[PDB]
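Below you'll find only one chain, the form solved without this ligand, shown as structure tokens.
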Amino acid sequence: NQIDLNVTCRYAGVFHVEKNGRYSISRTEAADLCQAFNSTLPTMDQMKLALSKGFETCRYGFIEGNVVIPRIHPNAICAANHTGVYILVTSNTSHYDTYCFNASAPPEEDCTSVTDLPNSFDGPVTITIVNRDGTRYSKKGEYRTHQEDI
């Protein structure tokens, strides 16, 4: 019973979370996952400020109200060469990665590793936070509150 959560640098408190190395998070699980990091789904304004501080990914993820990819550099295989906060318009499917926003994080780029999952609850899952530099933090718990996400 294990969940891997790959996380990024934070940019103005915004960061990306990928579960189990695949697009696999529903919108309800995304809100619960951010809550386990004392975080919320970013607003579009919070994501735009994070982009202006240097944040970009090549993965679709939830924010409040939309599924997006923040892009700084045009790349043909990431949001079809667009820059800015690219918004997904048409898709058949419902599972993506998520973005999260922590108001207590530093105001600009924070590329230190994540070393805690502060607001997970009691549970039986081994949850492992995996940083881009490979460093890991594991704890036994749960974060999902909706049965259909388990």
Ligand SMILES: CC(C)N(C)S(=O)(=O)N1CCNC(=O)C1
Given for the second form:
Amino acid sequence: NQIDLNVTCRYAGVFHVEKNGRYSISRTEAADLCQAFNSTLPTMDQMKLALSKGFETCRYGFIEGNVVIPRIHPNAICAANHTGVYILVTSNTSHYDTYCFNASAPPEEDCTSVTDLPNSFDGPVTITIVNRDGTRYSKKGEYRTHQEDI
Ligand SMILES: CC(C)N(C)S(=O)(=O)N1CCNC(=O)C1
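Okay, that one was the form solved without this ligand. Can I see the form solved in complex with this ligand too?
Every chain and every other molecule in the complex is listed next, the one we just looked at coming first.
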């Protein structure tokens, strides 16, 4: 019973989380997942400030109200070459990655690794945080509060 959470650098407290190496998070799961990192789904304003500090990914993820990809450099296979916070307009499907916002993180680029899941609750799942540099942190617990996400 294992969940892998790949996480990024934080930029003005905003970071990206990919679960089990594929688009697999619902909107309800995303809010609960960010809560386990003492975080919330970013507002569009929080995500735009993160973008301005150096944040970009090539993956769709939830923010408050939309599913987006922050882009700095145009890349044909990432948000169809767009720059800025690209907003997903048309999709048949409901599962993506998520972004999270932690107000206590540094104001600009923080590319240190994540070494905790501070607000997970008791549960049976081995949850592993995987950093981009491969370093890992694991803990037994649960973060999903909605049965349909389990
Ligand atoms: C921004 C996230 C990824 N964190 C660095 S953390 O979840 O590990 N954590 C550290 C302790 N207290 C917190 O609010 C957050």
